[PDB]
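Q: The chain contents come next:
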Amino acid sequence: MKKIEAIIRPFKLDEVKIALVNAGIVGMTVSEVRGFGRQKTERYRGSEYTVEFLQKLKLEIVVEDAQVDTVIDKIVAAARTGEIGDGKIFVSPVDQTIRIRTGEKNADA
Amino acid sequence: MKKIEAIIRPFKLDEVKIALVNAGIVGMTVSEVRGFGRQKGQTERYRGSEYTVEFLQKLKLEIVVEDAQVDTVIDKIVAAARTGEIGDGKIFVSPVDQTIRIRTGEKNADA
Amino acid sequence: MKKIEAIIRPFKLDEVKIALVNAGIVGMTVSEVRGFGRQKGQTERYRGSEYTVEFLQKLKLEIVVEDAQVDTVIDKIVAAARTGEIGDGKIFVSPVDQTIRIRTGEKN
Amino acid sequence: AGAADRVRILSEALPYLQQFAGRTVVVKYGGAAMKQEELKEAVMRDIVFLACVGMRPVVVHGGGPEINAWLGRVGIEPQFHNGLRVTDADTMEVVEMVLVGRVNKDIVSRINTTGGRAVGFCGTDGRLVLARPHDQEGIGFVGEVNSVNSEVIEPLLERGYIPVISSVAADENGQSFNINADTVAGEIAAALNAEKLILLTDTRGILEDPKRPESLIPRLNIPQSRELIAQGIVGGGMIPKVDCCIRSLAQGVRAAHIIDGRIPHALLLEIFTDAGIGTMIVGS
Amino acid sequence: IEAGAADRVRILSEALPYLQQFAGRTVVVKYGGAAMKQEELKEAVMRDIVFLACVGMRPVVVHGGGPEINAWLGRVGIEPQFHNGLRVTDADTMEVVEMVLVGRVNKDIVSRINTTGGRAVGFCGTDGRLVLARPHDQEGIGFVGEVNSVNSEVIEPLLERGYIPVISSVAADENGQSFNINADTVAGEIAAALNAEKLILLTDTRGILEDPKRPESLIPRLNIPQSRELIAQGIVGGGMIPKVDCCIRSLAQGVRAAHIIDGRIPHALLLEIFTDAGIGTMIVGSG
Amino acid sequence: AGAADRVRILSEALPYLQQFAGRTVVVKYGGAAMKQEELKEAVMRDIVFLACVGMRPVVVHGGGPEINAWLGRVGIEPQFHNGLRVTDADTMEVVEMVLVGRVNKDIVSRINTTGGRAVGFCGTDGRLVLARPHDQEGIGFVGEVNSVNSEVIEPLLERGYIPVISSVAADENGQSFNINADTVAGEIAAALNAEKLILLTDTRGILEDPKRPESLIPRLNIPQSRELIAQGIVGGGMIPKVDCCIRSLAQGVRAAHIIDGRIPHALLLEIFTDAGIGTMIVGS
Amino acid sequence: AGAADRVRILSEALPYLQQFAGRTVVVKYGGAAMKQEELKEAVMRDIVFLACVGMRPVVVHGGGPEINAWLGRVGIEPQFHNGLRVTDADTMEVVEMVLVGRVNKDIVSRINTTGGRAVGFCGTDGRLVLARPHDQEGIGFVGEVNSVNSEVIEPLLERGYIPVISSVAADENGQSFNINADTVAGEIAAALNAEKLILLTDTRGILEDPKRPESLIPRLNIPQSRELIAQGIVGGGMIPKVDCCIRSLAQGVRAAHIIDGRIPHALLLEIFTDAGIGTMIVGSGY
Amino acid sequence: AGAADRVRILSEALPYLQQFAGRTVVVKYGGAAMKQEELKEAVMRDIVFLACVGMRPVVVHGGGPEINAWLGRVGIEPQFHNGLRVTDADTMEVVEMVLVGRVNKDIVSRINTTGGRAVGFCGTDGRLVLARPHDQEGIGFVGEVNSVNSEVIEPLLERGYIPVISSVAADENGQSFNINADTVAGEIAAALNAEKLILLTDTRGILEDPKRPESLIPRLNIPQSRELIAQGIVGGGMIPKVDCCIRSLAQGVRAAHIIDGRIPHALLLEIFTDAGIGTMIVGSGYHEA
Ligand SMILES: CC(=O)N[C@@H](CCC(=O)O)C(=O)O
Ligand SMILES: CC(=O)N[C@@H](CCC(=O)O)C(=O)O
Ligand SMILES: CC(=O)N[C@@H](CCC(=O)O)C(=O)O
Ligand SMILES: CC(=O)N[C@@H](CCC(=O)O)C(=O)O
Ligand SMILES: CC(=O)N[C@@H](CCC(=O)O)C(=O)O
Ligand SMILES: [Cl-]
Ligand SMILES: [Cl-]
Ligand SMILES: [Cl-]
Ligand code: NA
Ligand code: NA
Ligand code: NA
Ligand code: NA
Ligand code: NA
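Protein chains in written order, with PDB author numbering: chain I, 1 to 40, 43 to 111; chain G, 1 to 111; chain H, 1 to 108; chain C, 8 to 291; chain F, 6 to 292; chain A, 8 to 291; chain D, 8 to 293; chain B, 8 to 296.
Among the hints, a few may not be true.
To be verified - Below, in silico cross-link-like pairs of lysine-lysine (PhoX-like), each with a Cα-Cα straight-line distance of 25 Å or less:
no., chain 1, residue 1, chain 2, residue 2
1, H, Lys2, G, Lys107
2, I, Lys76, H, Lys76
3, H, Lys40, I, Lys3
4, H, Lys76, I, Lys40
5, I, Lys3, G, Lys2
To be verified - Chain G is nowhere near these chain H residues, computed Cβ spacing over 12 Å in every case:
no., residue
6, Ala23
7, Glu50
8, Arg101
9, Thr104
What the hints assert, rightly or not - A short, non-exhaustive set of chain B residues, derived as facing chain A with CB atoms under 10 Å:
no., residue
10, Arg80
11, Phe87
12, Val115
13, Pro162
14, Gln182
15, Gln231
16, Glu234
None of these hints come from the bench; they were simulated from the model. All C-beta atoms, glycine included, are put in the ideal place defined by N, C-alpha and C.
Here chain I stands alone, though its shape is the one from the complex:
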């Protein structure tokens, strides 16, 4: 069982959401975040930036080990523009999941 964090361009939210729901992904959180991921500059609201923090979105999903690769592919394809600032995806282990209203659990990896 894995957590997938994707830092993405804010306008891409809806497209990425649609791709994920269609891939059968059920639960999801977004938060507002500022970031920089610098190779050589990034454009933002018209301006050039090197090392300053720029408004992005952090999208978080928890997924079965087997689903990881296709979910990544799906995110990459939906969020890419090819311009610097497209963002990053991180994969980390999750031990356990609990639904608050039912108490229902889950353990994979």
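Assemble chains G, H, C, F, A, D and B with the ligands onto chain I, guided by the hints.
A: Showing chains G, H, C, F, A, D and B with the ligands alone in chain I's frame:
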């Protein structure tokens, strides 16, 4: 050593905090978050309206805890945050390798 | 490969950033967060007021780093973010399995 | 010198006045409170009082009995399926005319003459409430609340007006739907992030023992309320009321009150007294 | 060379001067008669009102609905009665008038504007004391009202925020008794209150004809003394008299122009505002 | 099943609450109301009530007795020319410290703990009151009000704070002056275009015959008041009080009240009752 | 009675008027639309129409041809390297005078007489655009957009004015720089979080098969556009135009349009019709 | 001709004026700056200058010497327990009268006649400062700052008034408490998210070697300051001042200045000059190892 993330209804913050403090839980962070947990055939209510797949305002509560404390902390959160209505949220448990207090430098790599 | 989350005093962002960039750290995200950490029956001062158990505005700084870089990055953050007053924050280290650049597809 | 005093009582109200300063209160006005003249007059006086004293009352209402009377005058038969009115095209037309046209303006009018400034809406005004068909089938144009948009009423609330809201709302395509007034009241409360939802009811509140009328439960929370339902202690037409409270509390309304509208000044008794006119249900 | 088909565009571009002329201006339309009865006309009225708002003007809809009332009175065993233009309205009748106008007709209009993509909000005079009623001078006709006062505070902010107020002609007494007011006169008073650019009455006539026995001796423009002369000469007669009186009374209060137009024709509103077509008579307080 | 039915009383207060909604009330707090603990506590409760209920109370005060106590502690003898305190440089220093430092903060403090939000000024703060020397010569630094600038307090009033104003104000050059608190109250009232000026007094009001306890004149106008002075029916220390009311009314304050501060809750009694706790003087 | 039904062509426009209510549209005005009197008048009428109808038009412009004419009058010879003008100190002075002084005020003036309220800026006004030197070196004072600050123009937009922006902007030290107008338009759009960027161009849009006119691609997304460049289907001076659209879309502009400024009322045709006057490129598809 | 290159100086001030445009500056006014007439007049002129030039000065003050004089006039004997005044019920009354009534209004008054618009508060006004008893017991009604609520003075600042705040504040039950004015200044600074806290002091700043001027340290950070305390280089009554600066910096105040109030125009000298009238302490943590 484990991280516990609980996505919860915003109004539940204070009740959950009180439950945790009483369970001896010491450090804690909240952030504002939007989420959806979409059980199909079923919509979520939020400020009067029905929603299926859209992001709704929730709180992300984060605590780091000893392996042994995990089960009772979960029980505590579940009991404090549950309404029984769709939208109650989720808890995630993940490994933490190490903890460092910034002002003292005291590191927790528990055994 | 490790994720490092550091909860820090908001005004410390720039100093910590500068320390990290100079240590060769490349990617980084900040989010706004509220927290409380204190003991032992001892108060945090925020905007002039004393607090015990209430949530106070802090910043969550996240970086992903090579196993070998962990210790010096921690030292670097501690030294840059410390005031010695209650409320200085915490650092958490957790495992990361995989990294993907969105525009290139490059794994790490 | 000095006749009535009248001032000590007034001075003792301070802590209650302080407690709900500026807070929003959504009152579902129905049953006996709406039927009997004495109670009706006191409800309007209480609503005006709340506004005048700095709170933000919102009145939500239906009016089953007054619909029945009109249906009778037009040769239509009242019909109900498990609590909800079976409402065909013809019935819906009358429901609309009665609730929006007659009952709503009776409330607005009375508040106005009591010295408040009331403004009457139905769900369709400004898309305050968008309706969708209720899950229950074969009962015609009974609605559920699909969405609430409070933008139309909050500037009015800011300005000190008393919105009076009837429970009728249009479809996305313009078709009127008949929605249960409790559930509309609950959703408006949730939209407004209200401090309280108060249901004026023909019961003492929730009793622990139905045969023992002194067994009123003053305070309940959600899981507790659920247990009472599961044990049959809450039954019949009390079930939907509790459900409506729970549904509202889960969306962040601070407290819900099921109180006795059969008693004069029920509203003031609840807000400003520790008298047992009902059951408070909270989200903790 | 060499593609494309519609030039909606040239026509669009030609509308500019008219769009420019009434930018941000307030227009009070009295919606009734055929425009309200026939489905095609009704749909066009709702589309025009929405158009006006969307294009930066501030439409206000005011309405009554005599025919609709009659239908309901019939369904309840009450027999419609009129005394020189005004409806004789007893306690029982007043109840039905209220239910029909405020409850059914008003929400039909609000509902339709909403689904056409406008944002409509329905009032009657008693809401926020928009209109305070007093008994009409004519005795023995029951609860027929006159406009005693108008308070536009309730609808002004709504107008500033782009909503379309839809106002039914029923208003309460200062003691709470509902009164039936003629919708033209409510429209004129709301126009005066809002200091409106235009009052437009949708009418079942071509406007004012100089010679009735000569279909289009249509008078395009009149002023107050001229209108008075036409009344005194009987050229304006019957049910046109109160309409003209209502226009005069509104103009004297500072409404820039009053239009008596032919609601029987599709898109009467747009035809008046954006064309030089003769769908009616404009009455002005000036020249 | 009711008990403390404080609710009929509360509902009956509606017309009064409606009548002064949002209105400004300037209260001169002194005499017995300020000396006795019971009365003092009720004054603070009534001021907090008025704010909480949507009105805009302003408290103005002096504190002759308190000053006397401190002058005694420093070896200075208290001295008075007819009505007004003879105040030399030394005395003025103490007057300032007592009124501004001790008494003002006692009031602000108590309102704060009763749940209001009070802010204490003297004339010199923000040039609220500019002083000039009083016409009466040879009495030292006794002032008259030269100008009032309400710009400093009205935003605070708009935000719901309770200004508590002591009667000391600076010269244009910075010299403190001691002004009579009634006259300061009247001038603040005039500046704020206040609905009411209320003087808390050690008298029942104005008696039509000093020796008829029930001769209390409830309502007077200006010429009438003048007539009472000229006939000696208003005498002694009541003259300046009436003058101060007249002066204030002529500037546009709607009503001035000279009331009995010796009775608990005098303020509420005046505003919300028809009890005879004093004389209202109007400009009508 | 009655003759024009302008009215029902008016009524039919409703859904389009509804669709872009309050939305911001950045139009890059140049080429034939700017040369021919017929098209120029229509562009001004369209811009005024958009504002009047509740949208927020922003005009951005350059003016290569007009510059050339002046350079000629002063004995300087026009020079270009790969699309961009080689602009030395002397040339830059003229570029500035022409674009800021003559062309800008011609646009502002015309909108004004058409009944709009236009205000003309260049990048240096209120630091709307801060310039830095372009990556291509040896071409003098050709600039790239270093930053945009929209603070100066949004209150004006809120109040219903029509900003008209020339593509010249100062260095951080005060030296004027000549920036390509497309790229300025794109960056302003990004700054304003605009609904549309529209480039008035001397082409039909993007043709799938350059040899066949009917092959006009109505809608493209980013990867698709990239794929056309890599296949040489998009070539020559269309490349920088597409790049500028992509760069703008990536920053959150909802849609970019490359349309045919050679046709009268191209703007209204695009906004209010389904006529094929160009290619729309979106950041989300297909 | 002049005499008028008064301009050259005025024009040179530009970068400094630009640097702190609109910024908030909390000044703790006390010691010699408050005692001597020439210094006092200059302080009031400097505060008025700051406001007039677009910054937002806030004055915070106590007045130990003034209090002593009044205690004497009433037969009470001044008493101190290592820095803090031992203040019983009786003493507390006088403290309040002096600080709130006399000293505060002297400041407000003078600013007013210099052409600023001053408004005088104490902590209890609008609950600007809520007091709690100091940790040190047996010293009576000495307070610590329990909370600060800046809502009362923020709008006043926005409107260009100069708040003048005395260091007395009420308990939550109404009892007055005597708080050290440095620490009040530091907490207001924190609340206002101020650009500078400036302490007007009777010292040159912090000297590196105390038995030798001028080893004046112009700039320090937190760990460095701590180091000086631990080495005894910062001693006596300088310790609480440094502690107060550190405490304030950790809450987000940009810079704290311990400067020499004994010199005329100390404030302008600090803000608009590179003259060494004090030590600046900043919130960084760079000290090497
Ligand atoms: C659906 C339904 O039955 N509505 C109610 C009206 C609202 C109410 O009384 O709560 C009715 O009696 O028709
Ligand atoms: C008084 C009166 O006749 N009212 C009209 C209202 C309808 C309208 O004006 O269109 C009626 O028929 O009752
Ligand atoms: C001038 C004068 O006598 N002032 C009063 C103070 C204010 C008052 O109480 O009226 C005094 O007794 O000193
Ligand atoms: C750098 C550059 O080529 N600038 C263009 C500006 C005109 C335009 O692009 O419309 C030029 O012709 O100088
Ligand atoms: C507690 C304490 O010592 N207060 C100081 C007053 C404030 C100050 O000047 O710092 C005193 O001398 O009483
Ligand atoms: Cl990237
Ligand atoms: Cl759920
Ligand atoms: Cl800590
Ligand atoms: Na109660
Ligand atoms: Na016309
Ligand atoms: Na009275
Ligand atoms: Na199109
Ligand atoms: Na300096």
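Q: Hint by hint, say whether it matches the structure.
A: Structure-based check of all given hints:
1. A C-alpha spacing of about 16 Å is found between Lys2/H and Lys107/G, which places the hinted pair at or below 25 Å, so the restraint holds.
2. Proximity of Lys76/I to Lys76/H is assessed by CA-CA distance (about 37 Å); at most 25 Å being required, the pair is judged violated.
3. Taken as a hint, the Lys40/H and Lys3/I pair is broken in the structure, with Cα atoms around 34 Å apart against an allowance of 25 Å.
4. With a C-alpha separation of about 24 Å, the suggested pairing of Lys76/H with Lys40/I holds against the 25 Å cut-off.
5. Between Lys3/I and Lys2/G the alpha-carbon distance is near 14 Å, which keeps this suggested pair within the 25 Å criterion.
6. The beta carbon of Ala23/H is kept farther than 12 Å from every beta carbon of chain G, the shortest such distance being approximately 16 Å.
7. Chain G leaves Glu50/H outside its interface by the beta-carbon criterion, the shortest separation being 17 Å against a cut-off of 12 Å.
8. Annotated as non-interface, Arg101/H keeps its C-beta farther than 12 Å from every C-beta of chain G; the closest such distance is 23 Å.
9. Non-interface call for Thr104/H relative to chain G: holds, since the shortest CB-CB distance, roughly 27 Å, exceeds 12 Å.
10. Because the closest C-beta pair between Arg80/B and chain A is about 5 Å apart, less than 10 Å, the hint holds.
11. Hint status for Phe87/B relative to chain A: violated, with the closest Cβ pair at about 22 Å, above 10 Å.
12. Nearest Cβ of chain A to the Cβ of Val115/B: about 6 Å, under the 10 Å cut. The hint holds.
13. Among the interface hints, the one on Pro162/B holds; its C-beta lies about 6 Å from the nearest C-beta in chain A, closer than the 10 Å criterion.
14. A hinted interface residue such as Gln182/B counts as satisfied when its beta carbon comes closer than 10 Å to some beta carbon of chain A; here the least separation is about 8 Å, so the hint holds.
15. Interface restraint check: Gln231/B against chain A, minimum CB-CB distance 41 Å, threshold 10 Å, status violated.
16. Nearest Cβ of chain A to the Cβ of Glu234/B: about 42 Å, over the 10 Å cut. The hint is violated.
The structure fails hints 2, 3, 11, 15 and 16 (numbered hints given earlier, in ascending order).
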